[PDB]
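Before any questions on how it binds or moves, here is one chain, the form deposited in one PDB entry, in structure tokens.
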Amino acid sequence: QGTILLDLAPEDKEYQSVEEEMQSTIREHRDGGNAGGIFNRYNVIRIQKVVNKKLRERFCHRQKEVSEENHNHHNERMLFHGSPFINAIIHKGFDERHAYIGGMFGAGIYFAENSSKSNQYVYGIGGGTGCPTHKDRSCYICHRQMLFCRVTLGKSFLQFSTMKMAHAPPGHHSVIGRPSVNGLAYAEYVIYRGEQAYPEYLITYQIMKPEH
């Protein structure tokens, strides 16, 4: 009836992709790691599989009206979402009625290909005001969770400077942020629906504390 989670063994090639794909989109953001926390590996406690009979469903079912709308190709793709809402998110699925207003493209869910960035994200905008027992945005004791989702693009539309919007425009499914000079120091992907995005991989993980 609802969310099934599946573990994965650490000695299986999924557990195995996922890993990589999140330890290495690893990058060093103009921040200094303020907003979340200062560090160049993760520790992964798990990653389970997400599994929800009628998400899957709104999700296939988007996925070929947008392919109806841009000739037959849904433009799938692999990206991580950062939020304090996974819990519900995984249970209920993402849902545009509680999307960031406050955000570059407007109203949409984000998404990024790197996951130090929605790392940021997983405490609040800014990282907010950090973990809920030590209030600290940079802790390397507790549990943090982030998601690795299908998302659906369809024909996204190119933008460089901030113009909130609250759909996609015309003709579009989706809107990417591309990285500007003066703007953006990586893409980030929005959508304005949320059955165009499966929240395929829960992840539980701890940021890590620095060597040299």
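Positions refer to the first chain, counted from 1. Between two forms, the rigid core is defined as the largest C-alpha subset superposing within 1.5 Å. First, how it differs from the form deposited in another entry.
- When both forms sit on the same rigid core, the CA shifts between the two forms reach 2 angstroms or more only at 178 out of 56, 64, 143, 178.
Okay, that was the form deposited in one PDB entry. Show me the form deposited in another entry next.
Partners and other molecules have been left off, which leaves just the chain.
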């Protein structure tokens, strides 16, 4: 039994709540739109819920463990994740063994509370070379995907200056760093264990051109 993908109807309050959080967390990045493209709204064309019994059990077991090490607060949070491994992730779950040891904060899995930040990672670091078909980081044609996940943060460690960690600091279960661009800092939430994140919603969308 693998993963079941369930479509949510747009009139479903669940669909509406997820699209609302995605649309409303679009922020300015002072990058000129280089990484994720130029837009100020998304055309959300599909929202599917990822249902996988085995994964959920892995996740909840770990959330209990974190509860017990954090004075009964697992500190769960709904965060967005954009990357090129989404399809692999929805079928097998997050696997930290595939993590890049050279991340600003180490070999962990990264999340953000702003959908526009996550959109910058859909095609790779800094937006890589853009969509496969058009090699366009601001492609209005190709459908993108991003996950809205339940992330178990437990006790988070606030990191300012870069630190190439392999695991959460002793006594902690996640790392939160506030990175710099050309003035704006947005938080990055990092975990180092695949089971501290569950890919709740699979969002299929397109960025939209600023209207004329």
